[PDB]
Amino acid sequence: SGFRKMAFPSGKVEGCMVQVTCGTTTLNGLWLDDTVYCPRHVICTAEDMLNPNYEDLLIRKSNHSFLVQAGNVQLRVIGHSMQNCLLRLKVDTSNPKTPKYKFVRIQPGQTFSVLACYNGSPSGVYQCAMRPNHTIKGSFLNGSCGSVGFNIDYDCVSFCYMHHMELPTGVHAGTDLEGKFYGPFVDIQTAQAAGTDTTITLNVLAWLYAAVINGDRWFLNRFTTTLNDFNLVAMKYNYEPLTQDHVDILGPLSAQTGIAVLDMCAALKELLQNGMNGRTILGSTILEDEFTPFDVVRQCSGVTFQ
């Protein structure tokens, strides 16, 4: 019992973290097999990053330019290409740690685990969600670039994020491990803003189900809604419309509580229109959206305590 945002255990990813230096700039890299990936902006000076031409800047650098450290040990760089925003550095040694893995591009509303690093040295692990505006509300300082986000299924790590930058709001942006940004964001030090964000409805519902399972039933009503009419309402309040797939993903929490998905939708519609005063849910005034249907199912499982 008990509800906690959890991170996947970070050990398999820790064995791939390395340090990468080009000039006076150091940041982290991900060493899989005989390749190290890092953000390409590592090759930029303060003047370059304003308006960089990365093919131009890359053609200047040589394998030497890059110092790659795995602990104390030095790693000869024997090659360099560039994929989108990322550098692919071939190195003289193949990482004996490297885990069964894959690169997956995460979807808005999904969660993952971030291993915050500094100077190739892991500092901590935290939970996260990809926002619908394609940023994350992470925790990162200068030096964090190249830190990665991931999920583990079985023994296989699905890498989904590499950190590149902080926006002026104080949120974070980066890429998938094929270097293609989440969002409109570019790797240039220039005013860029987070777009208007949306609440993740799927996760708010899962939370309402957690709340019911977690000893609470005050929000619930007998009012009837269609998916359509719920969705019109969700949007005027900046909630994600609920898709058909979302209805399905909530199926198990519906069976467990016997509150039909649409009825929980009618619950949430009442909360958006009327507010929730002076009432709390799971001890929170506001609605939580970064806890997933999956998280709620796992933690509750498996008996009906009642």
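Residue numbers count along the first chain shown, from 1. Rigid core: the largest C-alpha set superposing within 1.5 Å between the two forms. First, how it differs from the form deposited in another entry.
Rigid core superposed between these two forms, residues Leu271, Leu67, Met49, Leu58 considered: the one with a C-alpha shift of 2 Å or more is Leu271. Shown in the overlay between these two forms, fitted on the rigid core, is a CA shift at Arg217 of 2 Å or greater. Core-superposed comparison between these two forms: the CA of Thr24 stays below a 2 Å shift. In the core-superposed comparison between these two forms, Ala7 has its Cα shifted by less than 2 Å.
Next up, the form deposited in another entry. The previous block was the form deposited in one PDB entry.
The next block holds one chain only.
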């Protein structure tokens, strides 16, 4: 029993973190095979960041303008190219700890684990969701750029995030591993701000199913709702509209608990209208939205408690 935010074991990623230095900037890169991936702003000073031109900044560097460290070993760069917002550096050695892996662009609402690194050295791990406004509520200090996000299935690591910047509200933005930002953000130190965010409805429902699988049913009710009357209520409380594809996604959880997804939407609609009356769900006093349906099935018993 119990339900916690849970990150994937981080060993396979820890064996890929390195340190990358260009001039006086140092940050983290990701060493798979014979490439090292890192934020392309490692080639910038503080002042360049106001208005950089990366193409023009990069033609000015050589292979030996980049220093790559892996533990105590110096790795020798033999090639470099820019890919959108990342650099790929080719190094003279193939990472012997490279895991089976793939690169994925995750979609708002999905979750992943982040290995926070400083100077190529892993310091912590936590789980977070991609918000609808394309930020994440990370925990990151200066020097954490190049820290990655990932999911693990079987033995295969799906890398899906690289950390590039922190926004004024204290949220974090970054890219996939082909260098394309998540959201409307760019690697320029120019006024930028998180767009308004929304509660991830699919996840709240998934988490209410969790609560039922463990054995708690206090927040259910006798009512059902149409999809459409749900949404009139959802918008008013700044929840994402529920779509039929989100309803189909919840099928398995609906089936494990015998609660119909709309019936759960009526449960939620009533939670939104009345509060929780000082009660809790899975230990929380507030509706939680950073567990996906897949996160609930992965963590919960396949046998409902009742």
